[PDB]
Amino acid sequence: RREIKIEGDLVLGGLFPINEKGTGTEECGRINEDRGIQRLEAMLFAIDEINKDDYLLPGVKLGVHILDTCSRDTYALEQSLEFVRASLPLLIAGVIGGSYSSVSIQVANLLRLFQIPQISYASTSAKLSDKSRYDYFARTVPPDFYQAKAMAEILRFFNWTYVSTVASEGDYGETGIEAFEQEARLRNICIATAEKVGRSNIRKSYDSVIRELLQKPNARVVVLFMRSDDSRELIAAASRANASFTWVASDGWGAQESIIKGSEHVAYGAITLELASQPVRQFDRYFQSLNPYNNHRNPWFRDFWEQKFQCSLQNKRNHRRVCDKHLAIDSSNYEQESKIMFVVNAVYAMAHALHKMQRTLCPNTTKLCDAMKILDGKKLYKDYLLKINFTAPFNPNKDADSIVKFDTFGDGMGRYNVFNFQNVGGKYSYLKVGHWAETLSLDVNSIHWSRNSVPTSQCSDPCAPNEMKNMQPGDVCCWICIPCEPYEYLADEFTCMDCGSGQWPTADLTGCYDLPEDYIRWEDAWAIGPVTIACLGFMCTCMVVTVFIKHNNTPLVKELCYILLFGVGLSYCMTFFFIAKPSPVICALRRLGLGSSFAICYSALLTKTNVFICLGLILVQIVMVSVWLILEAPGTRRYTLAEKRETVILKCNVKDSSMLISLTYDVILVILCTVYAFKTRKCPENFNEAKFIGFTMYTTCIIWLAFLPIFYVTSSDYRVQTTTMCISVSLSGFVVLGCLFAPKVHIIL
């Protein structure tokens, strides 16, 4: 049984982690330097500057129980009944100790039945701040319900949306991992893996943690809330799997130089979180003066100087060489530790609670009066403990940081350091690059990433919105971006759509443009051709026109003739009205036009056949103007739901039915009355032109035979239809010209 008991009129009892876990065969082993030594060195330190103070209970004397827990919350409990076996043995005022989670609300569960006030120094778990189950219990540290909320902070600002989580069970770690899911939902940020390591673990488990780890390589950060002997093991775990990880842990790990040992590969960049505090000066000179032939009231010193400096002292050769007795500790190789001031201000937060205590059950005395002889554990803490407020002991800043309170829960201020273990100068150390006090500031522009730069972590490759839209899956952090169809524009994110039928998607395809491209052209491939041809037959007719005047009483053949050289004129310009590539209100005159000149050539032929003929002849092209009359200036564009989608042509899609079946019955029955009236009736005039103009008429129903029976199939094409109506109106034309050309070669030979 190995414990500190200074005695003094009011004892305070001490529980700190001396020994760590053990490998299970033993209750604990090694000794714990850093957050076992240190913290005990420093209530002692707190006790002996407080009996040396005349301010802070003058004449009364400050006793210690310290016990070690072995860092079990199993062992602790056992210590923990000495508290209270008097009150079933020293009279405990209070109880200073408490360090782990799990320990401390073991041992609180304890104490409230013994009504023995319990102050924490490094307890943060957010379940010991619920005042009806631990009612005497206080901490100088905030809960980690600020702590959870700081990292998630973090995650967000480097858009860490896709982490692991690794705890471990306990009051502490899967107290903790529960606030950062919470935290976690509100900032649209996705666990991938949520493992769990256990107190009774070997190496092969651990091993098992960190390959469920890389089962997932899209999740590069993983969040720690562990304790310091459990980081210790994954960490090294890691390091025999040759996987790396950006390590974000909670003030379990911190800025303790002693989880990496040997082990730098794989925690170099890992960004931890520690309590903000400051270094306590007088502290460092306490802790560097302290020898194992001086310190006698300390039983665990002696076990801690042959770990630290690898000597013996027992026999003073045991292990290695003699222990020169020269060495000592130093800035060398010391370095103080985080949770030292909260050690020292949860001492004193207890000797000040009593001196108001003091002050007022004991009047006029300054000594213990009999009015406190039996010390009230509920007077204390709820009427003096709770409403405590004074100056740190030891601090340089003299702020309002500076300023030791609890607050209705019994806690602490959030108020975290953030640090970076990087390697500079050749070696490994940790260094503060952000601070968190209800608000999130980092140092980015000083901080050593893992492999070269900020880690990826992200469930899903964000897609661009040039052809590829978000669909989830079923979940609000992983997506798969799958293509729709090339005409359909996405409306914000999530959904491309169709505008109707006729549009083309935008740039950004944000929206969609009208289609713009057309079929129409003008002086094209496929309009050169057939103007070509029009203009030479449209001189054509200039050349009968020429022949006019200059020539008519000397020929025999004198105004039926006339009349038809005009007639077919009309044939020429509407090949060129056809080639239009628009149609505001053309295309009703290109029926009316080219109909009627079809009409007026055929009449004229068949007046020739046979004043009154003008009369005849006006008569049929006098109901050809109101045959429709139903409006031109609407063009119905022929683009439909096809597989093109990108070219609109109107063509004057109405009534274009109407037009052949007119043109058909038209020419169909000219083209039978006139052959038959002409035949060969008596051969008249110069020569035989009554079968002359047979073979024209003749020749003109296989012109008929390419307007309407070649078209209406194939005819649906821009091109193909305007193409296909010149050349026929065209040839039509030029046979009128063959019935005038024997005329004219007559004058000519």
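Here the rigid core means the biggest group of C-alpha atoms that line up within 1.5 Å when the two forms are laid on top of each other. Residue numbers count along the first chain shown, from 1. Compared with the form deposited in another entry:
Here the rigid core is superposed between the two forms, and of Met357, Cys311, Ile671, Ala255 the C-alpha of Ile671 is the only one to shift by 2 Å or more. Relative to the superposed core, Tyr334 undergoes a Cα shift smaller than 2 Å between the two forms. Once both forms are overlaid on the rigid core, the distance between the two CA positions of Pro684 between the two forms is 2 angstroms or more.
Taking the rigid core as fixed, one finds a CA shift for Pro743 of 2 Å or more between the two forms.
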The other form holds:
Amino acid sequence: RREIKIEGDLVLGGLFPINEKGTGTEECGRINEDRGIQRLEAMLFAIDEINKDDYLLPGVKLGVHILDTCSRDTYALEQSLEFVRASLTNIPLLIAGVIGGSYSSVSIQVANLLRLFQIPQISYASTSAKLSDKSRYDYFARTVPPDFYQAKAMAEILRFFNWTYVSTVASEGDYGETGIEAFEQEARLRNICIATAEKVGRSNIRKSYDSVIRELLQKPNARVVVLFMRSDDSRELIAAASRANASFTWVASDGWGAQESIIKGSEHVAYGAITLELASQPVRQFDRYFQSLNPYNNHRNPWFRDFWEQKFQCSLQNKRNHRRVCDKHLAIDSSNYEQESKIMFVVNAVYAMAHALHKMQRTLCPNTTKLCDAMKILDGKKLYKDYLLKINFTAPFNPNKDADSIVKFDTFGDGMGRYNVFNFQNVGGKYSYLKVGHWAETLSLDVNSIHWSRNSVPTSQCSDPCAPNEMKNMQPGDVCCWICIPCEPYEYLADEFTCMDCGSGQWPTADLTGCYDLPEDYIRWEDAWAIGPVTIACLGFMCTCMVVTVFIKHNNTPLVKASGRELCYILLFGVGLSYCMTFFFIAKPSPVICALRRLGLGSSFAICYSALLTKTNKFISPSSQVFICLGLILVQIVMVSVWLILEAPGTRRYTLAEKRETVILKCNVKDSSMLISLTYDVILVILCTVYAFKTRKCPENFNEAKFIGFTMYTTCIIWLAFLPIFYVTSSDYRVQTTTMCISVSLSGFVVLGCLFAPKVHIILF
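With the form deposited in one PDB entry in hand, show me what the form deposited in another entry looks like.
For this one, just the chain is written down, with no partner chains and no other molecules.
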């Protein structure tokens, strides 16, 4: 057990990580040359400047009880019991205040131990968000800000360089656990995620660090990484990475910062690393004090001999067992001396404790400037509550009067966040840390960082931005990385994760949120191709004009009375509807006209053949017979299909392609059923041809009867030729269908000419 005890009226405790695992197997075999020894000497310098100070604690000498921690919380707890030994009531020494540990876990443990005994504690380097809780850490304070501002700064720098997909590794201690969670929160706030998260602990690098490095190398797509991990573990992790030839850009916290002791002989893996360190003004007085230190005059520090032996490999007063005997002519010159950043923090903590003690002495002993019997017993609770948390003083050694000069304590005994940005660089062949930014609540990064590959290292290449016109999200292995595969073949894809089809007769818009129904091709068909049957309709109008001409002779008392007067007008009615039938087919396929379309075709064809059959076969019966079959056919079809199917056109025929919408859906079904009706319609027409083909041959109208047989002969051939073209009608709803009905119109026009040919022959003659 080694300690530095100085007798005095008031004694200040001290916990520093002098012993730490460097290059060896012992837990704390080596000695910290920048973290422990430097801070111990800074505290001693502050104490012995305060003792000789006249404006601060006049006539009162401040003692020290500096101890070791070995960078372990359990060892710190074991060795901190001497601070409360004198409070029970190696002579006990009463500790007025204890300077906090350098590690978050150690500081937490000492705070928990000292809360019960009411001993104020001020830390200099414990930046942990788990602390500052006035429910379990009542007697604790620190000059450094928590990890919240550090995590915010890390998120800001990650967003500045467009770093989205990163790999993360931290420690298992009280420092890594809370800081890493704060980092996760601040990263998910800024819409960035992490590849994986690892937690390391104080153990051999054979298993844990090697596995961490291998896993990090297993995902080459992520290059930049963060380090919420302690310095003692950081050195071993860097050594393992150098052994495995790592190629990552580390983003370090205040644990590593601008410390050159972590990287020694392995500077090629830490090249280009961006490290975060708290902003501090170097103290020239402390620099001179440390440079004036010698092994001989420094009998106060038991660890100074070991520190000198580790800094310069030689024996101070031992035998020649070491590789050299000290030349006795070398000191700590500026060539190999680098003042630690967190030295002014220790100085400020010591001076704040001294100021609190001095002000309490002044308010408790107004008459004399000396310790009194009333202050023999110290009330730590009241001291911390009022005279420590409400202190405001200029920095002990600062030639400026800026904001940083004033040392204050927040409501939680916290500090202000001004984390500097440091980048590892190689200039002139000498590796050194160069400041490239300053997080004064606003990131102020300068473009001077030297990266690993002399270029801005990219990331998030697995999930690149993609246009939402056809791309879709797919995450087979990890939630973060997505592949923008092309989906939605003419379908809406409003949801980015999944793509689904609009359905039949629907076309998506540019927004991919609402499918639009394209206009029907059958509707508004009167412009280019459907005007073809309009000429046939015009020919049908000429046929209608011909229908006007044929009855003129029949109206003006025709001489030929052999032909039935009623029969002649009956057959003219059938051909008239045939000319008018084609108008419905080429018109707008309205629901009203669909039912009329089938009635027009079925009735006109039936009555035309019925009238011819009756004419071939006193005169009362042929008129009644013609109406009987015509009425029966019209009545039968009424109660068969049209009164049952309830035809209603709609969108259909979109199976072949989504860019096609037929206006008829139920009417198209009736069109398919009309094929059976067409065969039934031609069944009676074909039967009529055979029944009266040169069978009766009445001498009164033998020429007409022979001509009438010719009309039946040409109709069956025309009707039969229409069947093959009706099958390909469905292929062209707005093209083939219009031409399909032209066959009926052509047959009607042909029938009218030949039937009335004997009638017009007499007129011409």
